[PDB]
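Trainee: In case you want the letters, here they are:
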Amino acid sequence: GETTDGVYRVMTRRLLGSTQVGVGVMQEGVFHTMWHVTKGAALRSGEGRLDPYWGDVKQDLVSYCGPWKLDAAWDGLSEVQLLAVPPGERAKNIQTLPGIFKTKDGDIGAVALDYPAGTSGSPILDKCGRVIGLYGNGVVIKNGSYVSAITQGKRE
Amino acid sequence: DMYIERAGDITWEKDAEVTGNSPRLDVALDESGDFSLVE
Ligand SMILES: Cc1cnccc1NC(=O)c1cc(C2CC2)n(C)c1C
Numbered sequence: 016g017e018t019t020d021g022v023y024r025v026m027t028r029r030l031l032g033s034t035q036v037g038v039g040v041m042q043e044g045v046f047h048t049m050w051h052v053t054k055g056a057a058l059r060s061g062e063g064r065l066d067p068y069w070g071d072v073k074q075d076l077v078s079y080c081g082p083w084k085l086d087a088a089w090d091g092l093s094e095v096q097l098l099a100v101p102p103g104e105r106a107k108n109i110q111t112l113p114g115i116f117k118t119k120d121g122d123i124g125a126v127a128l129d130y131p132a133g134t135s136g137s138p139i140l141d142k143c144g145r146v147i148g149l150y151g152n153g154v155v156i157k158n159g160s161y162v163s164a165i166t167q168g169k170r171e
Numbered sequence: 050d051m052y053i054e055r056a057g058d059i060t061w062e063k064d065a066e067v068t069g070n071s072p073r074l075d076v077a078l079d080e081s082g083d084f085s086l087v088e
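Residue numbers (the authors' numbering), protein chains in the order written: chain B, 16 to 171; chain A, 50 to 88.
Keep in mind that the hints were calculated from the coordinates and are not lab data. Every residue, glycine too, gets a C-beta built ideally from N, C-alpha and C. Certain hints may be false.
Claimed, not checked - Quick list of the computed label-pair ranges, beta carbon to beta carbon: (1) A:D83 with B:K169: 33 to 41 angstroms; (2) B:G16 with A:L86: 39 to 47 angstroms; (3) B:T19 with A:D83: 16 to 24 angstroms; (4) A:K63 with B:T19: 22 to 30 angstroms; (5) B:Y68 with A:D50: 26 to 34 angstroms; (6) B:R64 with A:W61: 38 to 46 angstroms; (7) A:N70 with B:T118: 26 to 34 angstroms; (8) A:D75 with B:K73: 30 to 38 angstroms; (9) B:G159 with A:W61: 40 to 48 angstroms.
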């Protein structure tokens, strides 16, 4: 299978035509996505098989072929880019200043950009192109719009 | 049965479309990993 670092679409044929269910990041031979995209299922990369390695429904994260590799953090100050990979449409960088999810367990970056649910797992980047977390788990607001956490895993 | 396709390099691109606001929201995270607005 293709193991080149970068961003990938996650597709299924179990529905009408070929449907994009989400997005992920290949880094150091590990594929990183959100749990709600795959539900922990194995993946194909050509004729190669990717098996889940680590997963947590509460973090809504999952890794294939090895442990979670991405440990960059939003600095709490600078603008970021959502590298959106919408269904049918080319990768596009969107630059934004994240808001803040306030929780009992601490504050998290949040990005307020509308994209379809099939965009879930697209990476959020810092100015050095490091992945500071993934887009696709968040909350619906008074407007009707969506606000995603900047979801980041832990590296060991 | 799910498969992946490459869609680009992961790169900061100078002069990308700048958009979106920066809202400060009170939220709760449940055991199913679903966020909700606390009010
Ligand atoms: C399906 C699911 C299950 N569990 C947790 C979160 C989700 N995510 C969504 O429900 C979702 C994600 C987006 C876009 C930002 C990507 N939109 C608009 C929606 C409604």
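Trainee: None of the hints should be skipped; say for each whether it holds.
Mentor: Now the hints, each set against the structure:
{"no.": "1", "hint": "A:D83 with B:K169: 33 to 41 angstroms", "verdict": "violated, 21 angstroms"}
{"no.": "2", "hint": "B:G16 with A:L86: 39 to 47 angstroms", "verdict": "holds, 40 angstroms"}
{"no.": "3", "hint": "B:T19 with A:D83: 16 to 24 angstroms", "verdict": "violated, 34 angstroms"}
{"no.": "4", "hint": "A:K63 with B:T19: 22 to 30 angstroms", "verdict": "holds, 23 angstroms"}
{"no.": "5", "hint": "B:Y68 with A:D50: 26 to 34 angstroms", "verdict": "violated, 19 angstroms"}
{"no.": "6", "hint": "B:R64 with A:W61: 38 to 46 angstroms", "verdict": "violated, 32 angstroms"}
{"no.": "7", "hint": "A:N70 with B:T118: 26 to 34 angstroms", "verdict": "violated, 20 angstroms"}
{"no.": "8", "hint": "A:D75 with B:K73: 30 to 38 angstroms", "verdict": "violated, 19 angstroms"}
{"no.": "9", "hint": "B:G159 with A:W61: 40 to 48 angstroms", "verdict": "violated, 31 angstroms"}
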